[PDB]
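The residues making up each chain are set out below.
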Amino acid sequence: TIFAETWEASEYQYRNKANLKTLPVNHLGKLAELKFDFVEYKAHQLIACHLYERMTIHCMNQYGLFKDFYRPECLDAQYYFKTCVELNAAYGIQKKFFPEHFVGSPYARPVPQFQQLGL
Amino acid sequence: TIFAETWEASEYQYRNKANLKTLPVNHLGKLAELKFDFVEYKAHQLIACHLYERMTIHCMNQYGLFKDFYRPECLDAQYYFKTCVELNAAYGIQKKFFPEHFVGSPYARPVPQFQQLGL
Amino acid sequence: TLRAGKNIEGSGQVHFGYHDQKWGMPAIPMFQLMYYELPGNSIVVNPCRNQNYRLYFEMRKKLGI
Amino acid sequence: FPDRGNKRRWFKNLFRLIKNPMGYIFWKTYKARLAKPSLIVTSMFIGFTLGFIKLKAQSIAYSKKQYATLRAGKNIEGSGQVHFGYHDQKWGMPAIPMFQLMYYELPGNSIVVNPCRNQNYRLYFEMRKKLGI
Amino acid sequence: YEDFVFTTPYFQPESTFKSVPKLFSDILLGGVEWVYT
Amino acid sequence: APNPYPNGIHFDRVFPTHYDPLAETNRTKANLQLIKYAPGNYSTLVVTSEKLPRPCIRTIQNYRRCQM
Amino acid sequence: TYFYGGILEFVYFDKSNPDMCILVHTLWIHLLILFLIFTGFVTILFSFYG
Amino acid sequence: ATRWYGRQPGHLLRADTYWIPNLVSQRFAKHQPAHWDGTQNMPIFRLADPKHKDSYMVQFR
Amino acid sequence: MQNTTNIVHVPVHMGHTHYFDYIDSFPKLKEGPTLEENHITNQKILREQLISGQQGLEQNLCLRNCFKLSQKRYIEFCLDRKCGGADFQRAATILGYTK
Ligand SMILES: CCCCCCCCCCCCCCCCCC(=O)OC[C@H](COP(=O)([O-])OCC(O)COP(=O)([O-])OC[C@@H](COC(=O)CCCCCCCCCCCCCCCCC)OC(=O)CCCCCCCCCCCCCCCCC)OC(=O)CCCCCCCCCCCCCCCCC
Ligand SMILES: CCCCCCCCCCCCCCCCCC(=O)OC[C@H](COP(=O)([O-])OCC(O)COP(=O)([O-])OC[C@@H](COC(=O)CCCCCCCCCCCCCCCCC)OC(=O)CCCCCCCCCCCCCCCCC)OC(=O)CCCCCCCCCCCCCCCCC
Ligand SMILES: CCCCCCCCCCCCCCCCCC(=O)OC[C@H](COP(=O)([O-])OCC(O)COP(=O)([O-])OC[C@@H](COC(=O)CCCCCCCCCCCCCCCCC)OC(=O)CCCCCCCCCCCCCCCCC)OC(=O)CCCCCCCCCCCCCCCCC
Ligand SMILES: CCCCCCCCCCCCCCCCCC(=O)OC[C@H](COP(=O)([O-])OCC(O)COP(=O)([O-])OC[C@@H](COC(=O)CCCCCCCCCCCCCCCCC)OC(=O)CCCCCCCCCCCCCCCCC)OC(=O)CCCCCCCCCCCCCCCCC
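Protein chains in written order, with full-length UniProt numbering: chain A, 61 to 179; chain B, 61 to 179; chain C, 137 to 201; chain D, 69 to 201; chain E, 14 to 50; chain F, 70 to 137; chain G, 150 to 199; chain H, 187 to 247; chain I, 55 to 153.
Pulled out of the complex, with its shape left as it was, chain A reads as follows:
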């Protein structure tokens, strides 16, 4: 689990495997696509996957779930939220049980003890 609003992008990249995905910050540009009026505090936009969640609620309040919520600005927020929490759950588990896979871990490429050098 991430106990902050920011995380080093490299700490979630693989060292001995091809990097085909990143763990980006929340896309703030999607917040300006909502045509309706809403109140959002800047203190909630950086934490992972939450901004997409609040936007989904705003869109589910202004519109519903039938024939009005089905507009591109609102469906992408629902998809980003459903997708953000799935990747973060997988990266979090991979960080818990496979920390040696990521850059920055000392077990990705273990540094030997001095007794292993034969001097």
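Careful: at least some of the hints might be erroneous.
To be verified - Below 20 Å or equal to it, Euclidean Cα-Cα: the simulated EDC-like pairs (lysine to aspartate or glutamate) are:
(1) I:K126 to E:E15
(2) A:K77 to D:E194
(3) D:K158 to H:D235
(4) D:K132 to E:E46
(5) G:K164 to B:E146
(6) C:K158 to I:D75
(7) B:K77 to G:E158
(8) A:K90 to F:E93
(9) F:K98 to D:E173
(10) A:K77 to E:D39
(11) D:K158 to F:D81
(12) A:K90 to F:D89
(13) A:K156 to E:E15
(14) D:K142 to E:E27
(15) H:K239 to E:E46
(16) D:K133 to E:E46
(17) E:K35 to A:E71
(18) E:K31 to A:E93
(19) D:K133 to G:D163
(20) I:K122 to E:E15
(21) I:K126 to E:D16
(22) B:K81 to C:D156
(23) D:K142 to G:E158
(24) A:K77 to E:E46
(25) H:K237 to E:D39
These are calculated hints, taken from the structure and not from any lab test.
Following the hints, position chains B, C, D, E, F, G, H and I with the ligands against chain A.
Only chains B, C, D, E, F, G, H and I with the ligands this time, still in chain A's reference frame:
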């Protein structure tokens, strides 16, 4: 060291490296290119690198080392003999201290003990 | 092969390094009589699959059909 | 009978082309060169033709890079630098002024030995004085 | 445990509170190769 | 189809484009001479497992059975 | 090797020792080839004798 | 090991008439003496690395 | 390393033919009985099994289906609930799982 006349080619091929050389048997065809008469017993032609040695001797007896030994049938025998013992010396050392590199060795891909499977 | 987990540098099958190449069949009768391209429609499911229908005939008689 | 006068005509033209290729080309293209295209078209033929040769020269240099890479211990499946997989490509400088002003190819003659090498000659001047030269 | 044996060496709980300072390390997707033309 | 989840992984062709998936709302189409995007426009990270051969499974079932 | 060397790796020792010969006449031939190329550029586009 | 040695950047001359900004700027540049500090790697020129701030215009292929 | 590299554990003999590369024979290959012979051989086993091996079968199938469970505590429950209070070791001997 090889204590026989015949060896399995696969036993001298690498398992985890590209195979760019083989350890071939003596080239008996080169023995028919000597124009002069000579006595050779079939019991000495299979042992590694010895045929090229006897041919070199036969050529160094009929001819000498100056202006008459310099013919293709005699120089190829000297080059083969010198190269055969160098390759066999390196392969023999590699077989002595790096047997895990070759096919057929049980340490090239070790089979685990049943205690390591968790059953 | 890429989806299976093997990244690919370069392209094609003209292997620059230590690999066997397989050029296209020479379009001359000599090679057209010895070789022929693999017809995918000839790779089939083993007919032993049809022997599983024996279970159906037995269940039908067990249920009195 | 066939036309025996046309025998060995392809060879005879080859020997004239080798003897004087510019004269053989000049007279064989006189009637075609009576109609002269504009300066723009002539410049495009030359530019595209040379630009094609320039890329061919780079492709040869890259083939030598792959041979050195091969000898260094990396086997190579396929060939070329148009990576089908998950790699970055570099297509070659587009032969238009926009990229020709921002980019220029690496001149190997600009990679030099550090001039600090010349400071080892100080040892020689000091030795010559020590030996009384 | 439940009619199953999972052999493992003696666990050392002291490894939990092991001092592991995080060191900087950046990965650059897009960098330099070995040889260039 | 929704815009793919932002992914900074990309592959350059002619010049470094410095692709930023957070700079635009919708992802522009990939041009051959500009950029290639990462695979799996709509993909997630999961964990899978290869299924051992049937004959190998039967030997394990026989060992456990003969064990209890 | 134990103190100041690396791993003992097996390699194939190439006995052929290539070396590009640095010659004088090779550049003379090169100039002649380009001299023919430049003359054709002049013969086709900068020839006003006809 | 071969890759690591290959990243130690080589020395590339500053003199450049192929990039028109340097063709102009280097006419007003003052060549000052580079006093030897006792090393053999003094980077008194630019470096042959694609990521160098004075060589990024050079195409390394 | 060569892409078309395979390690084989049993002997094989390759054909020394021009333009072709394949395995023409296996050393010491014995030809078993024909499909028609194994068929007749099996019909005799299925016939005796059809006439003399059908009495007391419903009980053995319950024991076999019980022993295909994951845990032993469920097998015992399967035997006591479905097999009329059968014993673990007594049924394992009937099925042939005991040494
Ligand atoms: C037991 C021991 C001994 C066993 C021996 C066994 C072998 C027997 C040997 C005898 C074989 C010949 C049999 C007798 C032939 C009698 C027929 C006849 O009367 O003459 C017809 C023929 C008619 O020619 P023609 O009427 O004067 O005019 C030709 C046409 O007008 C055309 O003029 P054109 O200007 O329009 O040019 C077109 C030309 C073709 O022009 C071309 O463009 C081809 C150019 C090929 C050369 C380039 C190759 C590419 C690589 C090299 C690059 C060079 C670069 C040069 C430039 C610099 C770079 C820019 O057309 C031809 O190809 C003519 C060939 C003859 C026609 C037959 C049909 C051929 C079709 C398929 C041809 C495929 C091969 C072509 C090779 C041609 C070689 C000349 O004359 C001859 O062929 C004379 C041959 C004399 C040979 C003497 C040999 C004596 C025996 C010694 C042999 C020792 C060999 C040892 C070998 C050991 C094992 C390896
Ligand atoms: C589709 C295109 C595909 C591309 C194909 C490319 C084909 C290969 C071409 C490569 C080009 C090489 C460049 C050579 C530089 C020559 C400079 C020059 O000014 O030449 C005049 C020169 C004549 O001036 P000359 O020296 O006073 O000789 C007159 C004497 O009367 C001669 O005494 P003579 O009349 O009593 O003898 C009979 C006459 C007729 O003789 C023959 O034609 C039969 C002999 C042909 C043998 C096959 C030749 C194979 C290629 C050449 C040999 C290997 C490389 C030689 C290296 C040459 C460069 C130094 O001899 C000659 O015509 C001249 C002798 C030919 C050379 C033979 C000796 C070769 C060894 C010389 C070694 C000296 C250099 C030292 C080694 C350097 C190495 C670092 O011509 C030559 O000597 C040969 C030039 C051949 C060039 C062929 C170009 C064909 C067309 C290319 C495509 C361009 C198309 C453009 C279309 C544009 C449309 C708008
Ligand atoms: C190639 C075809 C497909 C292949 C199958 C071939 C089938 C067998 C046939 C093979 C032979 C085909 C012959 C083609 C050549 C033309 C034949 C001909 O002569 O007809 C009469 C023709 C007279 O032209 P005209 O149409 O009656 O009217 C002309 C009027 O002035 C004004 O007339 P206009 O106002 O009505 O129109 C203006 C202009 C029309 O404007 C243009 O032509 C546009 C030109 C733009 C530049 C294009 C550059 C060509 C591409 C080079 C790139 C390298 C190739 C690979 C990279 C490209 C990848 C696609 O006129 C022309 O240029 C006439 C030529 C147009 C048709 C041919 C153009 C071919 C373009 C390339 C085709 C694609 C290449 C595929 C190659 C694939 C290789 C794997 O002869 C000429 O004199 C013009 C030829 C062009 C040369 C211009 C002057 C060049 C001066 C350079 C001197 C450098 C000296 C170097 C000396 C070296 C040392 C020795
Ligand atoms: C007091 C008055 C001022 C005194 C003026 C004195 C002038 C003396 C003239 C002396 C003539 C020299 C005699 C020998 C010439 C032989 C060489 C030749 O090129 O003849 C071509 C010859 C005659 O061409 P043509 O087909 O009759 O067409 C001529 C005209 O275009 C007519 O045909 P058109 O009506 O259909 O053309 C319409 C025109 C329509 O054009 C327009 O309407 C407007 C054009 C505006 C252009 C906008 C420029 C934008 C630039 C943007 C730059 C961005 C990047 C910059 C990056 C810089 C770094 C930051 O568009 C064009 O096609 C123009 C042709 C290309 C001209 C290129 C040079 C333009 C600059 C002119 C500088 C002089 C300015 C004088 C001030 C005049 C003020 C009124 O044709 C041939 O193909 C045979 C020779 C081919 C050889 C090719 C090799 C070329 C390179 C070597 C040549 C020899 C050395 C260099 C000589 C200089 C050449 C540029």
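Each hint tested on the structure:
In summary, the hint linking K126 (chain I) to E15 (chain E) is supported, as the alpha carbons are separated by about 10 Å, within the 20 Å threshold. A hinted pair counts as satisfied when its Cα atoms are at most 20 Å apart, and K77 (chain A) with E194 (chain D) does not qualify at roughly 57 Å. With a C-alpha separation of about 16 Å, the suggested pairing of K158 (chain D) with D235 (chain H) holds against the 20 Å cut-off. Pair hint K132 (chain D) plus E46 (chain E) holds up; C-alpha atoms about 15 Å apart against a cutoff of 20 Å.
The straight-line distance between the Cα atoms of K164 (chain G) and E146 (chain B) is roughly 13 Å, inside the 20 Å bound, and the hint therefore holds. Straight-line distance between C-alpha atoms of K158 (chain C) and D75 (chain I) comes to about 13 Å, which keeps the hinted pair within the 20 Å bound. Straight-line distance between C-alpha atoms of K77 (chain B) and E158 (chain G) comes to about 12 Å, which keeps the hinted pair within the 20 Å bound. For a cut-off of 20 Å, the pair hint linking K90 (chain A) to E93 (chain F) stands: about 9 Å separates their Cα positions.
Distance hint between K98 (chain F) and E173 (chain D) is unfulfilled; the C-alpha atoms sit about 30 Å from each other, more than 20 Å. At roughly 15 Å between alpha-carbon atoms, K77 (chain A) and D39 (chain E) fall within 20 Å of each other, so this suggested pair holds. Straight-line distance between C-alpha atoms of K158 (chain D) and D81 (chain F) comes to about 7 Å, which keeps the hinted pair within the 20 Å bound. A threshold of 20 Å between alpha carbons decides the hint, and for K90 (chain A) with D89 (chain F) the separation of about 14 Å falls inside it, so the pair holds.
About 27 Å separates the Cα atoms of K156 (chain A) and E15 (chain E), which puts this hinted pair outside 20 Å; it is violated. Taken as a hint, the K142 (chain D) and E27 (chain E) pair is broken in the structure, with Cα atoms around 44 Å apart against an allowance of 20 Å. Only pairs whose Cα atoms come within 20 Å are accepted, and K239 (chain H) paired with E46 (chain E) is accepted, the gap being roughly 18 Å. Simply put, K133 (chain D) and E46 (chain E) have alpha-carbon atoms about 11 Å apart, close enough for the 20 Å limit, and the pair holds.
A threshold of 20 Å between alpha carbons decides the hint, and for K35 (chain E) with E71 (chain A) the separation of about 10 Å falls inside it, so the pair holds. Between the alpha carbons of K31 (chain E) and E93 (chain A) the distance comes to roughly 47 Å, so the proposed pair goes past 20 Å and is violated. A C-alpha spacing of about 19 Å is found between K133 (chain D) and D163 (chain G), which places the hinted pair at or below 20 Å, so the restraint holds. Proposed proximity of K122 (chain I) and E15 (chain E) is supported: the alpha carbons are some 18 Å apart, at most 20 Å.
Note on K126 (chain I) and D16 (chain E): the hinted pairing holds, with a Cα-Cα distance of about 8 Å set against a maximum of 20 Å. Pair hint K81 (chain B) plus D156 (chain C) holds up; C-alpha atoms about 15 Å apart against a cutoff of 20 Å. Straight-line distance between C-alpha atoms of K142 (chain D) and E158 (chain G) comes to about 15 Å, which keeps the hinted pair within the 20 Å bound. For the suggested pair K77 (chain A) and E46 (chain E), the alpha carbons sit about 18 Å apart, so the restraint of at most 20 Å is met.
This hinted pair checks out: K237 (chain H) and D39 (chain E) have alpha carbons roughly 15 Å apart, not beyond 20 Å.
Taken one by one, the earlier hints fail for this structure at numbers 2, 9, 13, 14, 18, listed in ascending order.
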